[PDB]
Structure formats: structure tokens, C-alpha cells
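Fit chain C with the ligand to the supplied structure of chain B, relying on the hints for placement.
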Amino acid sequence: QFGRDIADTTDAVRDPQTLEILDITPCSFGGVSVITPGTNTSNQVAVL
Amino acid sequence: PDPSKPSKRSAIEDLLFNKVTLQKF
Ligand SMILES: *[C@@H]1O[C@H](CO)[C@@H](O)[C@H](O)[C@H]1NC(C)=O
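In order, the protein sequence lines correspond to chains B and C. Numbering-wise, PDB author numbering puts 602 at position 39 of the first sequence, and it's gapless, one number per residue. Read in order, the letters of the second sequence correspond to residues 807 to 828, 853 to 855 in PDB author numbering.
Next comes chain B alone, as it looks inside the complex:
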């Protein structure tokens, strides 16, 4: 019924009704950083 990765984490699951298997990919995430020169030069910023 389940699939697991080497890290013992759930990877794939089988549909109980139509017995098909679906991959489980987690939703995206990540850090946010702010780019800026000195405040004494401008107040513009760019984010990554």
C-alpha cells in the first residue's frame, strides 16, 4: 500500500479505489534574502 525512501519517509501511495500509485512530492519552501546597498545610497531593495 505504501512506498518509502531510504530515509524511512513516505514517498508513494496507492489509490484505494482505482488501484493506481501516486507520487508524493512536498510543497516548495525556502529561505528569503534581501539585497540592498547602504541606506545612505538609496532605499531600493531586491529579494531572492
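I should point out that these hints are in silico values taken from the structure, not numbers from a laboratory. Just so it is clear, CB atoms sit at the ideal spot from N, CA and C, and this is done for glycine as well. Don't take every hint at face value.
To be verified - Sample of chain C residues with no beta-carbon within 12 Å of chain B, all distances over it, derived:
#, residue
1, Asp808
2, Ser813
3, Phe823
4, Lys825
5, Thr827
6, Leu828
7, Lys854
Unchecked claim - Only some residues are given here: those of chain B computed to face chain C with a beta carbon under 8 Å:
#, residue
8, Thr572
9, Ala575
10, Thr588
11, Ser591
Okay, now just chain C with the ligand, sitting in the frame of chain B:
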């Protein structure tokens, strides 16, 4: 080096690279 490395003679770089070669939740 060789720009596209098209020569039959492989640089030591490729050998070392291949020798070293050989989550979102
Ligand atoms: C910015 O410049 C002003 C004067 O031009 C000065 O008083 C202030 O200390 C400066 N601050 C920084 C962080 O450079």
C-alpha cells in the same frame, strides 16, 4: 584544456571528476 574537449586525449580533470563520481519535505 580543450574548449569543447574534442580531442581523443582526455585531460586529467575529466579522469579525476569521473573518479570522484565513481529533501523538499
Ligand atoms: C548616513 O549619512 C548621514 C549623513 O549623510 C550620517 O549622519 C549617518 O550616520 C550615516 N549612516 C550610515 C549608516 O552610514
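Separation of C:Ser813 from chain B, once the least beta-carbon distance is taken, above 12 Å: holds, 40 Å
Restraint satisfaction for B:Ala575 [CB to CB of chain C, less than 8 Å]: violated, 13 Å
Interface-negative label, C:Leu828 against chain B, beta-carbon threshold 12 Å: Consistent with the label, C:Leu828 stays out of reach of chain B, its closest Cβ about 20 Å off (over 12 Å).
C:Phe823 non-interfacial with respect to chain B [C-beta, more than 12 Å]: The claim stands: C:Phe823 keeps its Cβ more than 12 Å from every Cβ of chain B (closest is about 25 Å).
Claimed clearance of chain B by C:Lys854, with the beta carbon kept past 12 Å: Given that some Cβ of chain B is not farther than 12 Å from that of C:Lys854, nearest at about 5 Å, it is violated.
Status of the stated non-contact between C:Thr827 and chain B (beta carbon gap over 12 Å): holds, 19 Å
Evaluation of the interface hint that places B:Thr572 against chain C, nearest CB under 8 Å: For B:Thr572, the interface hint holds, since the closest Cβ of chain C sits about 7 Å away, which is under 8 Å.
C:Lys825 remote from chain B - nearest C-beta pair above 12 Å: holds, 24 Å
B:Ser591 as chain C interface residue, shortest Cβ-Cβ below 8 Å: holds, 7 Å
Restraint check, 8 Å cut-off on beta carbons, for B:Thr588 near chain C: Holds, about 7 Å.
Status of the stated non-contact between C:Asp808 and chain B (beta carbon gap over 12 Å): holds, 35 Å
Against the hints set out earlier in the document, violations occur for numbers 7 and 9.
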